[PDB]
Structures are given as C-alpha cells and as structure tokens.
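Only one chain comes next, encoded as structure tokens, the form deposited without the named molecule.
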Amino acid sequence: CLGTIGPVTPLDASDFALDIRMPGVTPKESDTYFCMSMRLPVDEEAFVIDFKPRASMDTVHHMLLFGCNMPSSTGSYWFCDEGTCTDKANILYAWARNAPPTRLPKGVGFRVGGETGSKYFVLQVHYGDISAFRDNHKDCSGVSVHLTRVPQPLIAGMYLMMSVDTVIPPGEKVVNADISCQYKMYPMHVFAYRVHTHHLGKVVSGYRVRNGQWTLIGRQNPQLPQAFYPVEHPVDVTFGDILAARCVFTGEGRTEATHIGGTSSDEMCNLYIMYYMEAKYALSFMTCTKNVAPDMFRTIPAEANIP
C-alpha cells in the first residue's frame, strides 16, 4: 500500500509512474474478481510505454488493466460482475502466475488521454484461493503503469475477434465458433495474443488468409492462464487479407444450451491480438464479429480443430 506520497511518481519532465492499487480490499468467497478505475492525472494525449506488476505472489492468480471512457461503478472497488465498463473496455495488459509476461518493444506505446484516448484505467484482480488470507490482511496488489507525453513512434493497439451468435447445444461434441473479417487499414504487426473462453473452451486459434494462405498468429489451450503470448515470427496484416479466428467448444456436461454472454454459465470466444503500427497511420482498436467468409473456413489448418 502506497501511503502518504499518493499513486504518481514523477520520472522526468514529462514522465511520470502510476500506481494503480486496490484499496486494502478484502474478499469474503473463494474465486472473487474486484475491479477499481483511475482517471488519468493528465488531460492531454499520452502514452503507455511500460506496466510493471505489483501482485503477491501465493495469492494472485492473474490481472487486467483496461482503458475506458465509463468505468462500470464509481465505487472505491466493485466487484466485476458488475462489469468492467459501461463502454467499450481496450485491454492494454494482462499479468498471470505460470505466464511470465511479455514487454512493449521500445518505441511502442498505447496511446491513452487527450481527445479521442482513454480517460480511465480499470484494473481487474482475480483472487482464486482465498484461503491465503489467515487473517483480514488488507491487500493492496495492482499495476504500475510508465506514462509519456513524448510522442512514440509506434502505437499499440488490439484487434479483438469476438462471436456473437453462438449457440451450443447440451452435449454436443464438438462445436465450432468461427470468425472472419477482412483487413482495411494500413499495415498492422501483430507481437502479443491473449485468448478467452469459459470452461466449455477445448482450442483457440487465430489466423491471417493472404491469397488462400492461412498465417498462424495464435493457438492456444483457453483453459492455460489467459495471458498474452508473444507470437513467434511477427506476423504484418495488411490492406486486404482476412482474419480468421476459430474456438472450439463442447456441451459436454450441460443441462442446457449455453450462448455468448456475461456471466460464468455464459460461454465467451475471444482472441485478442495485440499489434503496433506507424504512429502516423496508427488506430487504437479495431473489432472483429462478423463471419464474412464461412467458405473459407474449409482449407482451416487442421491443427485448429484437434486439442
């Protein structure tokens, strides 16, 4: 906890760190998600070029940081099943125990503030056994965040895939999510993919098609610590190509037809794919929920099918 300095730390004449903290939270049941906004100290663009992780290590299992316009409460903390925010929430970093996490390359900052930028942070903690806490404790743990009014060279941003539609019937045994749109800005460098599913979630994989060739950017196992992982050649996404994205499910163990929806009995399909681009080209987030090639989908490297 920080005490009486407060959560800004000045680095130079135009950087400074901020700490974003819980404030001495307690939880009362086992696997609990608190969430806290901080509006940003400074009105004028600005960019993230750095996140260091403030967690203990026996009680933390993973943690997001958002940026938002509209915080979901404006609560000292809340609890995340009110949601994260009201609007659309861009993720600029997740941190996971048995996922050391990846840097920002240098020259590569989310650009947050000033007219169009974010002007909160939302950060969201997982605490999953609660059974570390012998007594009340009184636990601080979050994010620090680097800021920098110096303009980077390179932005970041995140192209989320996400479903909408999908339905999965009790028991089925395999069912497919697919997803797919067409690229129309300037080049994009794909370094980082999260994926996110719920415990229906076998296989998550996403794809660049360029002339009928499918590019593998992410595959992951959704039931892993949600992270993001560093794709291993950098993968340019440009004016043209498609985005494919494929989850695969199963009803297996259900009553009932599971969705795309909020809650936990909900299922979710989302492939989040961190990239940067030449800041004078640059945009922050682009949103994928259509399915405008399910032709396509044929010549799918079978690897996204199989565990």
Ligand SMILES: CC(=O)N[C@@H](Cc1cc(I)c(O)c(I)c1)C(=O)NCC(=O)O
Contents of the next structure:
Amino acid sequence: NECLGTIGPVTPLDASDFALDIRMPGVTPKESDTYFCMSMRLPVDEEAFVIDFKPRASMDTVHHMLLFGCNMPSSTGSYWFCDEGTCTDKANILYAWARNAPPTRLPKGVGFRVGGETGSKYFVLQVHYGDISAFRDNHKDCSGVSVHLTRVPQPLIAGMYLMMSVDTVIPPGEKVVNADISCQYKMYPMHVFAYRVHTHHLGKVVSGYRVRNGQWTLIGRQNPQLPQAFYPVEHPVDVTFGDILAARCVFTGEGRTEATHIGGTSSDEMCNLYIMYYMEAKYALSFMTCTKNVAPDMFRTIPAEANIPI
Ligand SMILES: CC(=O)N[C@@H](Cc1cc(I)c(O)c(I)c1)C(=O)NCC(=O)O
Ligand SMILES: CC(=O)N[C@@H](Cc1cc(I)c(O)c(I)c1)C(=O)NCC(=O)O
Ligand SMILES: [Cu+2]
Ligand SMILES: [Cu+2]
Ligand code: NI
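With the form deposited without the named molecule already on screen, would you show the form deposited with the named molecule bound?
Below: every chain and molecule of the assembly, starting with the one above.
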C-alpha cells in the first residue's frame, strides 16, 4: 500500500481514539513466497482496545497477512524474514487477512485489550509475498494493516483460544493420521464468533467442537488448504465451565518419504485451530491454550464430518 511519508503512522480520530498504520518499510521481495515481518511498539503505555482493522495490501503481490500482539518481537530490525522468528514470547494472533477470503469485522462493542501492565506492548506484522511479477520495477512495498485503538473500555473483550498439537508423528506414506486435541473448559463463559485453521501441506481437514453432556456442537470445520482467514462461525456458540473443547486435524503421509512431525518448516506440520471469542469485560481473559488430549476416548463419538474432506 502507499507509503505514509511525512505524516507518520498515527492518525488522531478524536479525544480517545487513533488509527495506527502498521506497514512494511518499503520492502522489495526478491524470491516468490517471501515472508516478511516487522513490529511497532504501541505509542501509548496505558491500556487501549483494538476495535477495528482495515487491510492495506497490494492485491498484485500480497498473498496473506497476519497481525500479532507480543512483548518481545524476534528481531530489533526494521524488518526481517519471519523464518528467523515472530516473537520471543508467545505471540497472540489478532488478525489474518487472506487474499482470496475477505476478513470479517469485529462485532461492535468488542475489543482486544493491549498495552498497559499485562497487554501486548508490540504489534508484529507478517506479510507473505506470493507473486512478485510486479517487483521487476524494484518498487518497494508498504502493504500492511491499519488498526483502530481507543482508551474507552469495551463491554466485550476479544480473546483467542488456541488448540494445537505438539506430539504428532506422520509416518511416510501413511494414508490417514489423526491429531486429536481436547481440554476441559474452566473459565467464565466465552462466545466463539470466528475461527482460523492452520496446517501445512499434509492437512486434509481441521475441525473443532464444544462437547457438553456427550453432545458435539460444531465450532468450525475447514480445509486447511483453502485461504487461512478467520471465518465467522455458523452460529454463535458459548463454551462454559465443564465443557470440553475437542479438535482433530486429519493428515496424510502420502508423498513423504520420511516421517513428518510437528514443527516450523514446510517439511514439518502443524495442527492449529484458533477460536476467536468474546467475554464480558469483568470476566475476561485474553488467551487460552490447549496442547493436550484429556478425553482421548471421547473421540470415538466424533461426528463423521470430522474425517470427511470439505
Ligand atoms: C508449533 C505450532 O503449532 N505453532 C503454531 C501455533 C502457535 C501460534 C501462536 I500466535 C502461538 O503463540 C503459539 I505458543 C503457537 C503456529 O505458529 N502457527 C502459525 C499460523 O497460525 O499461521
Ligand atoms: C473518527 C473515526 O473513528 N473514524 C473512522 C475510524 C478509522 C479511521 C482510519 I484513517 C482508520 O485507518 C481506521 I482502522 C479506523 C471510522 O469511523 N471508521 C469506520 C469504519 O470504516 O469502520
Ligand atoms: Cu499466504
Ligand atoms: Cu505453520
Ligand atoms: Ni450465548
């Protein structure tokens, strides 16, 4: 997107609001499939709320973008190749923009809490450059995301419940390998409103469910090879203390001559189901994670859609 120049990245909106533009510093991708990252310290130290996001991406080159909040970006640079790392600490994903799947807006009254004593101090943007035909000009790119911040406390706080595998091993040639994840929910109620799935090339399908009284309620189901944007949930789903969140990624070993385990490269795999939710401000926590399988046997009753591609 157009580089800002002399006006800088901060646009005052009114007494308590401002837009912060998070753009690449005029970079020029040299290889296709390049992944660039950069970070912006928040301008204010006190707590603020991110209530909106507007993509500022060049359609001819940018394939996808992801925006995280964290306290220690992986590089002190102007920008860097993300394969070096995103954040030293555990990054919280806030937004994903996919070229072929237009992002959905946050419900009004819902905001991510950042800054202050416990909120993220930085935003780290990762841009994935696919086609670079437009880059023979050796033109620089300032694609990114604009974020709307406010000091006004929001009634509903947005958070992320991340379900991910750590132990998965996919034997070469192996027709079907399931990665099951399950945890019991023990916090105040959350209402899922969006979900994103993430797998590398071996993933066939990823599904997540809320299981209450043995009954399975679909949160989201998606083919991880389709654009990995946050998609709105079919129907609002609350998860309450006692419920169990269960997820399954279906992989294959077909095509691999060696075993594939969980990891950060293209030769590795990942099984992630991001569940974006909102909670009443007075009960809210911004992030939860599940990296276990507490009810392995429970999957004997998983809906068949969980094994059939989409
Ligand atoms: C090892 C793995 O599966 N990593 C995933 C999930 C992940 C993401 C964030 I944000 C975290 O803070 C943590 I802890 C783990 C991963 O990096 N996925 C990237 C993606 O979703 O595209
Ligand atoms: C005064 C105000 O809030 N104006 C905009 C907010 C805004 C402005 C810019 I410049 C941004 O880049 C972003 I992110 C958000 C407003 O009312 N936007 C409505 C909307 O499109 O959602
Ligand atoms: Cu991409
Ligand atoms: Cu990955
Ligand atoms: Ni409800």
